[PDB]
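Engineer: Full structure from sequences and hints, please.
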Amino acid sequence: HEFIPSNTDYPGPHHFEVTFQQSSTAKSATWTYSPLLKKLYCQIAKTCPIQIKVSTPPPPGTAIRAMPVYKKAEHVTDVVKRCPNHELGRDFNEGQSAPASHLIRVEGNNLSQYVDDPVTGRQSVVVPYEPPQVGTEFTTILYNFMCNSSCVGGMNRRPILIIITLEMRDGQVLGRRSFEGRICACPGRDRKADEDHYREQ
Amino acid sequence: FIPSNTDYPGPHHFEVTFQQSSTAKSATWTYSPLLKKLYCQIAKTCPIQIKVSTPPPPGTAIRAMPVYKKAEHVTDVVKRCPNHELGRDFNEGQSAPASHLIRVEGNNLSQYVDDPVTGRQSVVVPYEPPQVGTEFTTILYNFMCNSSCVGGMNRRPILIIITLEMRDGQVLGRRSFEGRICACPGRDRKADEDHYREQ
Amino acid sequence: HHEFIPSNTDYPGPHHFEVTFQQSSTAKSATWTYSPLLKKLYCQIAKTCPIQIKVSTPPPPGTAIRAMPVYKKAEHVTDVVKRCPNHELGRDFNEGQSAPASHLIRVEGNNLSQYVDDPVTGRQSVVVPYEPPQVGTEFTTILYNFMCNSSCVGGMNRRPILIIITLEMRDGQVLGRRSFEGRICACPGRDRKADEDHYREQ
Amino acid sequence: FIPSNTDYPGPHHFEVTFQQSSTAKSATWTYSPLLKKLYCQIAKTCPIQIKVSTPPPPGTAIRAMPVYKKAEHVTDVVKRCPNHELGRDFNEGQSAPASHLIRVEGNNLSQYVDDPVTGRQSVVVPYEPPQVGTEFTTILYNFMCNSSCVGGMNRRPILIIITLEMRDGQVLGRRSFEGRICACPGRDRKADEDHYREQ
DNA sequence: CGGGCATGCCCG
DNA sequence: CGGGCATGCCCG
DNA sequence: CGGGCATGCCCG
DNA sequence: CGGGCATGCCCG
Ligand SMILES: [Zn+2]
Ligand SMILES: [Zn+2]
Ligand SMILES: [Zn+2]
Ligand SMILES: [Zn+2]
Numbered sequence: 112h113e114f115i116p117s118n119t120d121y122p123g124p125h126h127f128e129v130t131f132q133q134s135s136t137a138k139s140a141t142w143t144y145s146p147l148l149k150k151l152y153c154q155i156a157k158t159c160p161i162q163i164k165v166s167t168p169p170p171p172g173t174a175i176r177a178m179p180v181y182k183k184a185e186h187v188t189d190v191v192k193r194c195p196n197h198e199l200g201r202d203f204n205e206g207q208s209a210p211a212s213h214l215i216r217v218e219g220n221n222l223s224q225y226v227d228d229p230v231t232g233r234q235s236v237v238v239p240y241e242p243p244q245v246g247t248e249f250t251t252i253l254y255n256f257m258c259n260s261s262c263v264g265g266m267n268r269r270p271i272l273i274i275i276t277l278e279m280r281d282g283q284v285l286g287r288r289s290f291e292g293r294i295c296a297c298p299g300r301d302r303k304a305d306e307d308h309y310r311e312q
Numbered sequence: 114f115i116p117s118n119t120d121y122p123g124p125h126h127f128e129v130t131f132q133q134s135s136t137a138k139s140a141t142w143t144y145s146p147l148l149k150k151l152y153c154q155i156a157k158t159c160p161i162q163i164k165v166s167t168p169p170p171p172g173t174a175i176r177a178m179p180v181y182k183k184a185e186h187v188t189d190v191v192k193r194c195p196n197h198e199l200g201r202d203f204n205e206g207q208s209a210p211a212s213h214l215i216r217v218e219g220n221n222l223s224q225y226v227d228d229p230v231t232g233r234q235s236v237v238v239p240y241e242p243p244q245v246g247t248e249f250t251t252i253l254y255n256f257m258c259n260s261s262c263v264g265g266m267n268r269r270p271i272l273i274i275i276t277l278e279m280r281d282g283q284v285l286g287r288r289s290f291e292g293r294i295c296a297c298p299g300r301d302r303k304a305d306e307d308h309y310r311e312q
Numbered sequence: 111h112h113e114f115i116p117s118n119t120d121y122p123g124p125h126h127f128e129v130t131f132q133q134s135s136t137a138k139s140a141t142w143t144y145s146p147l148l149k150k151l152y153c154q155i156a157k158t159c160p161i162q163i164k165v166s167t168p169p170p171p172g173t174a175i176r177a178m179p180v181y182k183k184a185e186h187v188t189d190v191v192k193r194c195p196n197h198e199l200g201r202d203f204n205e206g207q208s209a210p211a212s213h214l215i216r217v218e219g220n221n222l223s224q225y226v227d228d229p230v231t232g233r234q235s236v237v238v239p240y241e242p243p244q245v246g247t248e249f250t251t252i253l254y255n256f257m258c259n260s261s262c263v264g265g266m267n268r269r270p271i272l273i274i275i276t277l278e279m280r281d282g283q284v285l286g287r288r289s290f291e292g293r294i295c296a297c298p299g300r301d302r303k304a305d306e307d308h309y310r311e312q
Numbered sequence: 114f115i116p117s118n119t120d121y122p123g124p125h126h127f128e129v130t131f132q133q134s135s136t137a138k139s140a141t142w143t144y145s146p147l148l149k150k151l152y153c154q155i156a157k158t159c160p161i162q163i164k165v166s167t168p169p170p171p172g173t174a175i176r177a178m179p180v181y182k183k184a185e186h187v188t189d190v191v192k193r194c195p196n197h198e199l200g201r202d203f204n205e206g207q208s209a210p211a212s213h214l215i216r217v218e219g220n221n222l223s224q225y226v227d228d229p230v231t232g233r234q235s236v237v238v239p240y241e242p243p244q245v246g247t248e249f250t251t252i253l254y255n256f257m258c259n260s261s262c263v264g265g266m267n268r269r270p271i272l273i274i275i276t277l278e279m280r281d282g283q284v285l286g287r288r289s290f291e292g293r294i295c296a297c298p299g300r301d302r303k304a305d306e307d308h309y310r311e312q
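Protein chains in written order, with PDB author numbering: chain C, 112 to 312; chain B, 114 to 312; chain A, 111 to 312; chain D, 114 to 312.
No lab work stands behind these hints, which were simulated from the structure alone.
It cannot be assumed that every hint is accurate.
[To be verified] Mimicking SDA-like on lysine to any residue, the simulated pairs with C-alpha atoms at most 25 angstroms apart in a straight line are: (1) C:150 / C:140; (2) B:164 / C:188; (3) A:149 / D:160.
Structural biologist: Next comes the structure, spelled out in structure tokens:
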């Protein structure tokens, strides 16, 4: 209905929260998050796990929506899709049941549904919200990205921003958080450099 | 003829603002607080944030119209220099009037209006409430000739007036700010603020 | 069926075709100036620009001479040379109208000046008949007129152009051809002097 | 037939030549005599000078065929990567199959060829006599992908094989040269020669 | 008729 | 995202 | 317009 | 596992 995904955090009634645990001081590390720059550094198609949390059990049939947007205004109008070279390829499109075009995928959850909103044209994947696990503090949705931040054709070196939403069976918004995403060949280097430049300021 | 470039918040405190875009010679867009100056780059995306605390006239809408500052010119209309109006540069691909100066980018309900006997050009969008969690409705504008175009604004400054209205024309509010469309806002902003300050 | 990329290459034919330029103002704001060092004229939009034609032997009746512009740089070579959309319609010189304002090159005076618009190549030019040099005159003088400032947007913007003069037969042929960089601007002298210096640095 | 190559001047000595280019490192194109390698930026106009000794036959023409160098990749046909193919940028007029690497501009008589089952793509154009008072027949080519393109030439050196031939299949003109498509050609060129001199 | 500037654009 | 030139045009 | 950086991936 | 490299692109 709306073509400019709201970017602003807003926990809402319940206190929707997104956090990343595992850390890896390496360069070719599948994934690693930078708290100082609220930016996730993930590799191509590598298992990326984020952890959701809330204070009170949300309404029945709630959802978790993950959708990509561009950080800059000049680009934000353009739908974030998978580049031709990675779309038409066999690798990962061979019997996966997820639209070749989709950038973000959800790993290990049949209940996950990929969405192409017909008017907006935006793409996003959803899963029913889950109560953590009995002995855990958070809910672990584990995501995937199928294009580097620099894929000529798709992203094209443009910075994105993954937005995680706590939704109603109908769409009404109960929560939201966001952060910058940069898919690389190796997040060790990329992250350090960006935090060293931040330190350089 | 000659809309009222006169400020008026109205009933619902109307606040159109700008974010913190960086200062850089060739920055796509930048805004000055000392002056009400929007330094803009041709055809680039310029995000302008509109805040409204109590919004409730469904069918209400927001207009953006361009006007000349100096009085002798304010009676003249703000069109595009025939060079860009005729050129193939930004005119194909879009579904917006060849001659208007202002264009909305992230919206398709937009209305480019050519006043029948007024001759003023402006573009209206519907007022959409800010999305749950944030405070301002964000409209995306881009200007299609540089302020210095011969055949158009022959270097004469222009003011932009954003009016929120009732489905049937009735100005609930309005605001203004001078805008400049140049190759590099950063170097132009730096200079403008300097000369005015000195005096 | 025509030639796609008019060659600029000079051609002194059986007749000895030459294109000379008389003494010109070194004056900064000059109406027109020339450069044999940089072999390029510098003329003002819509100002009378003289040109000296010369030949050892005289050619047959019906023989005329063609002036056509073409971009100097290859990545621009294919674009035809027309006037900026602005000037082509601009009411400031289509009045006292005579020829299509598409055309950049016009001819002053001569009423035998018929323009061309090659349907095939969509190429624009202009042609007048070869009158033998005025009695006691070495040169057959044709006035060419240029309409857009080499820096006009929409039109040839800041993209150098070449002006090919062609000693052409009565019907489709080439007997002689000489070329030379054209540069339309506001300060012909300020420009030429700035150009030649820049050259006297290499 | 498939991977030809060996030069062959022929009846009318076929000579492929390049004019003097821009010394600049990021120029549209440059040719390296010592390295018999053409360096040009993607989609930029590359002029090539074709010459012959005697008025070649009647309805004869010229064709450009690109082939991978390494004796390994010869098998593989050389086309545009998926991205530059299904991408807007240069297919919005396309009197040229979006798949072809080599393209000709200016000429309307260009014909793009796809071999039957052993399909190789190429561009041909009727040969034309040098315009009166010139010795060079000039053809303006375009190279739609970068030799670095992942999914395309994927950094695989290639040869453009120019051949003069007669409609009746008789190929009696064969001149070939190395071709590299890249962002700034001067740089790679000087880098290519610098080291080969030393190594 | 030359000096000088503003602002687009390309390059020490 | 900074330094410096282009080149139409105004000044006087 | 050249010098420097960005960024997938080669190499050991 | 990281350091260094080529190659497209942006900063000054
Ligand atoms: Zn991709
Ligand atoms: Zn304009
Ligand atoms: Zn013009
Ligand atoms: Zn490619």
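Engineer: Straight-line Cα separation of residue 150 of chain C and residue 140 of chain C no greater than 25 angstroms?
Structural biologist: Holds, because 15 angstroms separates the two Cα atoms, which is no more than 25 angstroms.
Engineer: Please work out if residue 164 of chain B and residue 188 of chain C have their alpha carbons no farther apart than 25 angstroms.
Structural biologist: Distance of about 21 angstroms is within 25 angstroms: holds.
Engineer: With a cut-off of 25 angstroms on the C-alpha distance, tell me whether residue 149 of chain A and residue 160 of chain D pass.
Structural biologist: holds (24 angstroms)
Hint compliance for this structure: no hint is broken.
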